[PDB]
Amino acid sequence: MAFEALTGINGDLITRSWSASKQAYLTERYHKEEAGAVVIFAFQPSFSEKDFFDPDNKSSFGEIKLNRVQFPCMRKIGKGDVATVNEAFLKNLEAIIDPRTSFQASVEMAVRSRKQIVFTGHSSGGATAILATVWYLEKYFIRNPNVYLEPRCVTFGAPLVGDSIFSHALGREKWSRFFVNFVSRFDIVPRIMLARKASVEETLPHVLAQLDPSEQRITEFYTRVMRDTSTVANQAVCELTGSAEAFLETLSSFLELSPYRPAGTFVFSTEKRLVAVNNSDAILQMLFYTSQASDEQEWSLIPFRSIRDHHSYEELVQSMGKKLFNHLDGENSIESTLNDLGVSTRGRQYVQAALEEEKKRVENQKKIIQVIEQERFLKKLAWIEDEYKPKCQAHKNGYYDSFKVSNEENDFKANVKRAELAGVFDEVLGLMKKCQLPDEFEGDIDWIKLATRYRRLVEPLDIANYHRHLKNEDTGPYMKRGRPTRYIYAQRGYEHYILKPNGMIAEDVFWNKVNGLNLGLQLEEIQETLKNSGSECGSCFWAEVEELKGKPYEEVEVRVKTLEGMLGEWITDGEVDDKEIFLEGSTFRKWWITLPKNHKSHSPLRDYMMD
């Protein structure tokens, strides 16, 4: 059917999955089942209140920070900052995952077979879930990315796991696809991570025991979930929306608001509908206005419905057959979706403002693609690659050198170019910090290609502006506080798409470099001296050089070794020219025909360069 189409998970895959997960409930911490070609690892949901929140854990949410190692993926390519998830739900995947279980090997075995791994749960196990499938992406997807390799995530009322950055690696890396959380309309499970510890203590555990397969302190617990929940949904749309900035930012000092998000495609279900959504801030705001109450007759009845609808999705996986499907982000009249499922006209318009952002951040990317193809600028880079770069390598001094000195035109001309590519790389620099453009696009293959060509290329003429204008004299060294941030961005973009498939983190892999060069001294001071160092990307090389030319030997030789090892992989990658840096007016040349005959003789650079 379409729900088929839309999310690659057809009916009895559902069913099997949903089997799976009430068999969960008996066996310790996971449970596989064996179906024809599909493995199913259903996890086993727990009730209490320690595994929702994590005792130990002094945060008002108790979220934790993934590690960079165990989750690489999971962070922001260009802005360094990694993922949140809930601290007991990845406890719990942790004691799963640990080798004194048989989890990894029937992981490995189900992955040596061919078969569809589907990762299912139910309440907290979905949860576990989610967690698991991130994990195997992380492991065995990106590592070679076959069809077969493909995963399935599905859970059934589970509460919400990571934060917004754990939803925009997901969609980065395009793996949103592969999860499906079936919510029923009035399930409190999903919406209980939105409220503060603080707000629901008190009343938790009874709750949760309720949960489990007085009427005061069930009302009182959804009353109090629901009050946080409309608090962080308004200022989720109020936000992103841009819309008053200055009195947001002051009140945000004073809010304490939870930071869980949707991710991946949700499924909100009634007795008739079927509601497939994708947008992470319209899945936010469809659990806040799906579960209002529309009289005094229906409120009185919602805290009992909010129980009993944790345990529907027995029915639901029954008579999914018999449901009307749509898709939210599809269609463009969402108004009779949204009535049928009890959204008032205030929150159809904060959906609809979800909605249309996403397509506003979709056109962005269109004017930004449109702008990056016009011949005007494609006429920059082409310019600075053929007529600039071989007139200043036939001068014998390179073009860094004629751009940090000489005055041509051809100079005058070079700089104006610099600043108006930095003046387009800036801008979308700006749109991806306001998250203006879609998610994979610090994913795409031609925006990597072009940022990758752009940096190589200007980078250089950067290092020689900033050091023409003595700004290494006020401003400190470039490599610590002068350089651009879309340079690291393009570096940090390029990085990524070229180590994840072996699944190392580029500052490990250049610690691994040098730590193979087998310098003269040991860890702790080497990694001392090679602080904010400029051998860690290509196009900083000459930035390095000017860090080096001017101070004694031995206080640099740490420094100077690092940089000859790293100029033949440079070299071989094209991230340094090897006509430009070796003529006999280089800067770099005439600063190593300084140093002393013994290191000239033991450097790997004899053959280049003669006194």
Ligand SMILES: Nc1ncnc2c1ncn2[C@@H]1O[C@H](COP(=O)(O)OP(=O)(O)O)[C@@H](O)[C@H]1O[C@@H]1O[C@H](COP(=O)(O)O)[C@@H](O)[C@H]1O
Contents of the next structure:
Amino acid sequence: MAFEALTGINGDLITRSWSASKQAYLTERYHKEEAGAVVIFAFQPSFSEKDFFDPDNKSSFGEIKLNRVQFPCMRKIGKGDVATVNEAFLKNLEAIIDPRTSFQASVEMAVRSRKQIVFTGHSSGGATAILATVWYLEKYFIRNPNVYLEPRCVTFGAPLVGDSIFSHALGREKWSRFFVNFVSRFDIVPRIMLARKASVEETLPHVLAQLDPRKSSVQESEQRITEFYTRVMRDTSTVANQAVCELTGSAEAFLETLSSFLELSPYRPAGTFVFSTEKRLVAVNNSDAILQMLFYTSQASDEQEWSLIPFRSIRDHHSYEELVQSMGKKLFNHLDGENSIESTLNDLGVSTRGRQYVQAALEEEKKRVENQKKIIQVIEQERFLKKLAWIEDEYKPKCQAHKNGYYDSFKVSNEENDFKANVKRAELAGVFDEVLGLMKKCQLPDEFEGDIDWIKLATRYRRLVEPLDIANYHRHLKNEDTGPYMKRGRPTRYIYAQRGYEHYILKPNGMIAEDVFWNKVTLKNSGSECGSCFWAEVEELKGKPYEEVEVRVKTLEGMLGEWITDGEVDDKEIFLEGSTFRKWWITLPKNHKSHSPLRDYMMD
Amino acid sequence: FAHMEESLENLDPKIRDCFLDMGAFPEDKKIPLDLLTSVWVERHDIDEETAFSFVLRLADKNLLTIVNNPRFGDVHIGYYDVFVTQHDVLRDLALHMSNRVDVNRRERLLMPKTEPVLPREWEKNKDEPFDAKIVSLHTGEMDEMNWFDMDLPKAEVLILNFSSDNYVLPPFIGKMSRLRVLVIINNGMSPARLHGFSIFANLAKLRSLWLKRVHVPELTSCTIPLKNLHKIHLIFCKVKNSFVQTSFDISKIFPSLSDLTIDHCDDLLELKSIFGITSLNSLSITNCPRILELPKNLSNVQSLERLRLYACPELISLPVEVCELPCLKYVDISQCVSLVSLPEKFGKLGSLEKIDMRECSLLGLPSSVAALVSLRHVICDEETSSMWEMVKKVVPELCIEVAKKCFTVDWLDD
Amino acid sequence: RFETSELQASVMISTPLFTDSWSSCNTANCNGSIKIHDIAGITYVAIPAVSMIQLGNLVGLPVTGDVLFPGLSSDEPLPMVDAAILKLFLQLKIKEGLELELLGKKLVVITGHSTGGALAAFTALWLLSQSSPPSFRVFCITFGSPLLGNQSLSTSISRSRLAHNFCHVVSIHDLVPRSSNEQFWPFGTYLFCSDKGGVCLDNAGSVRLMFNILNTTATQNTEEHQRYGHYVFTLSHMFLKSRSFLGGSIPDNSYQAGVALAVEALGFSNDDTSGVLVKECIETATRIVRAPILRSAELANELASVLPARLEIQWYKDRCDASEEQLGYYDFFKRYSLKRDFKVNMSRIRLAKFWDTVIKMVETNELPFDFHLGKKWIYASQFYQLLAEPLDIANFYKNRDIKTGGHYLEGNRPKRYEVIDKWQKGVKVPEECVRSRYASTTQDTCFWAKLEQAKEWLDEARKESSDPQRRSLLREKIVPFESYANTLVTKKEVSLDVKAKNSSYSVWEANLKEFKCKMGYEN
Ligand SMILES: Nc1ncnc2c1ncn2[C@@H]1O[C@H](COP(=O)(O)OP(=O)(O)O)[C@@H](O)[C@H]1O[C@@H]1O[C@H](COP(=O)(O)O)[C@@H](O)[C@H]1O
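Complement to the form solved without the ligand: the form solved in complex with the ligand:
Complete assembly follows, chain above in first position.
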């Protein structure tokens, strides 16, 4: 029952998915099956060299970057890097979603009928199903999350699709629980994509033809299978060793030196992988642990084990029927939940070094959780909130009552309030820089960026401290040594907080912040994107003739209303009599002085 | 003018004399409380307790306008930010009532302000054995010897306000029946040189010395041993080679010395001579850089009670012989940035009662301080609160106060 | 923690570079010539193994000639290299052929066997230790090369951060790399391999201890070429082989289990004293310390805590340059007259202590390698230096003896400032925008020391004998400083303090003008 408790899929659903996948062999493109209130889509597997490695691809691995418009959530929120997926699988998916196939209409009709959607497939086609699930997660679930709209992805021996960025994006959105992948102990198909194309290009067509269940009459060449297995195992061993060395943070200088001389596959497991053996069922939820188990399970033990492993690996690709039929006669164990994993790994054939590596990978997650707990405890301290309360409720009201904006006061003054504000700003900047470094070094859970409280705290800190940082930057005349503040002076933490806030507020809609900005709109590294950076723009625009730059002024005037409405800037302090912005606007010639749209906000 | 006169009519004659004294004392400057108490002690013979009681009684009115006064922490603490300022109208008042007698002026000899001239009322009467219980002379570029003869057969207190760089000393002390207080104040921006210091050795009855910002003359055996001097306070002075030399025994020259203060003085890398005095009772060093370690000869002193070490950076470590002091009641270390660890046997000080280590980057408190039964008050930072409460668990009477760091810009003004 | 020496060895073995280098070395030995060829986009250069050559003589690195080592240190302990290796490298003219055949290459791997391996290591050292880093990356993989070098050379290589590009594979049975004078010091990562696996050691002391214990071991062999061939052949297939790894009784501890597995991989049982000593050496190879990745993040808190000292220094500078006397903050600190000077001295001492602690932590290797490449740390170090170096110069000159003219740029500059300058050397090219006004702080932190030296030279010229030739020579040595100061002033790269009416620079300029007018030299 624990399998149903964890994965959320019953044995009957697994049997129906396997039956649909088997039936999809005869059918073309996709096959739709309606069982009760469940709609299952099975994608037809394809067995050809071009279906795994794209002929047009020039890289050593058939990987291409995703499109931001198509998959806005499949990227890193902070770094901004997009994920990479297989080119052939992406092309097959794009052909599937073509309007001529009527797949979109069927999906819409099934969604409107309030029926659960299950995506299933076998071999490479099954991998395509995973992409389809992501498509669903980018079309309906993200628009309005609901229990009835929760999808289900089931794959049987599907090869790896996404890289580490793909897995991180799946984990951050809490979508990894909807993917279940059944992989045999000796299955070789999931390990195919972990090898370079040049090593196995000669032997790929023969192995792919042999693996085809439709036409198994082809003559078996043991030498070719042995060479293919040897190359795949060597590449998998190299990839796993490098990954486990990098994860533990050891030999970093040696790894950095050797990275340039090595070309390794970037594909990483994504989803809940469950390993099937003769009488046990083990499910793993950690990508590094899944990769280590995938490498270590397919190993020999003695001479009798050899000379038969490649044949068993070839045969096991069509042995999922026995596992599906005999699902209820095998024990189910969770590797992460269990405390003692020695017996399970010994039963599955993992060696001692594999056990140690799996244990280290599991302990890495616990260390990350402990770091997140420590960060939360530090954040929830009384003094951290006291500093922000003092900044918001004492310095700003006093400056406003002093007829001078607090930005201008921080720019030039000689009072103890400025010194205290600078000290508090330095302390807050140090704390946030420590948090940003911890996040950058991949030592925090993927869900940390998804926390609403953290996003709100970061947004408040930015909106309260960024003008002070700009004033400090422009007070010491640092803009004449490096350049504009937004070019090479803006701290990374503010950019990360702004990107997180924009993603949080734009995820229900679907557009990237750039689209919204450009749609609303020389503007290279401009200040019209961030409300808190408006002061910096005033620094750049002032001291220049009106004729040279005019469009930036108009853009600033247009965005000022939105910034005021959203609370990015306060009209009481930035429109003060002694503010530098008022003086700059006074110096502006009479034409724009009379054509400005905020007259009611300035003229008394 | 009338209101404070009426108040003076209501004051006791002793407190009236004290009010006149402080009021006629030089204005527009910060006057330490210790000097004022010493002046009252040697003038009215009221002793320190009654002097402090009088100060507290007079603190109610505006004639003794108080300052921050952080001395409320304990009574064993010294003087720091405790200066008292008075109004110039009160100064003129105290100068008014019977204080311009031509020849006699039985008390309160004053000078309204620094000038290269002397008061014509007393200048004309050169031959005047005037009773001079209180003398305060303010002189700028003019010579200290003056142009007449102050015999002063009954003088008790002498205060001088000085200036310029090259200067001499008057021969008045040579023709002096008795004297107890001698204060020299220099307001220049550069060290001031003094000439003719042998005349000051004529009288040994002096009990307090308040030199400041000057070239401390080197001690010599020809100097008469001051058997009554008790206080030597040097602030912003120039030790140069006066205290560096060790040929002459300072204990023989100053056997009654009990309190020595060195503040804001550089070029003081040698302290063996200071520790060589066996009569030392309260030693305080404040803001003295260029000091590596204290000399390992403090075991000679067996009566030292206070070891205030305010500021004094670049101090590598505390001496191991400090624990041998039998009556070290008070230890004060503040603003130290080079101290990393206390002595291992620091807890053997059975006479220790209060210790201050504010803004001190201490690494680890030794377990020996767990035996500090007599320790009562600890003023430290929040970092050491845990290992001070660990001591407080053993001794319930221990009280720990966390000193908050206040950010002020008042230091920039000075 | 976690034992990873065996993991590092397995990572190194699993790469195709091992087999490619072995094949290249075998081909070079068979052909008896330097073989340069491209395999899988990587240019392998294999140096043939030479013999009938004696080793042991130490002469040192060349000082004058075609070959040079600018990156190598030149302190009191002079780095030394084997005379035979240098002579063979000079005779074979490897440099010319290598630079001719490596034009346009991106990845270069130099390899050799025994003396060939030593020659390959020397060639890689010559390539890396140049005026500028080579356009291509190098990786010297040696197969049982004899020990060469010295303690000074190894220390300089470790300081230069160049040991990561050298790897040596030494069998547990050969005697050629283990038979050398005690003056020789190993350098770079060393791989100890055997029929059941390998281990990697990246510590000179650990490698020396392993060599010593292997020397004390009774088991030794004379034929090592066939042993190396068998070892590489059986290690290239370790991926397709899973062993029991029984290790006797498996300890219930991650570190203990890892150490036991590493010991077992070398063919040493846990019963003989040799196995126990090997286990002790492996345990002592890795030290216990807080994770550098967490320490780098944690450093921001103490940086923020020390920042108020810099804020106080900034406020003091503003007050000094806003004063009526207009003496400049440098001269104000040079003349101890107010308590604010003492407070600023305390803040400067605290900042110097914090930065010295940071530098010591960096040099201890308690932080990641790219710690100094961080933009934030570089900018913070620059901001601290530009504000604290004049204060340190003023303090040194105030405490400087009258007749001890050691100055600040003649061996008295603290090493922390040199490390800060080395970090700033990686800053991108600054923009050439014209400054509208004077900068807040002087760009050159050594301006005050040069000004003091120029003032001393001018005073010496003014107060001396007639000696017209001496005056001409002193003026010739002085006028470069005047030209540099004029260029700095015209570029507006100096703060207002140097432009004060009563500043030291103005007094020096007035004195120079008066001297020129009095005596009449041109220009
Ligand atoms: N010209 C400069 N001089 C000195 N520091 C600079 C300069 N420019 C940027 N910085 C600082 O360099 C760090 C980059 O970290 P970053 O996370 O981006 O690292 P990377 O991800 O890129 O590797 C940010 O903290 C920038 O902080 C700005 O500088 C002002 C003074 O800072 P202060 O508080 O110390 O006085 C602050 O007001 C912020 O405007």
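Residue numbers count along the first chain shown, from 1. C-alpha atoms forming the largest set that superposes within 1.5 Å between two forms make up the rigid core.
Asks: Give the option from 556, 583, 64, 39 whose C-alpha shifts by 2 Å or more between these two forms; the alignment is on the rigid core.
Replies: Single residue meeting the criterion: 556.
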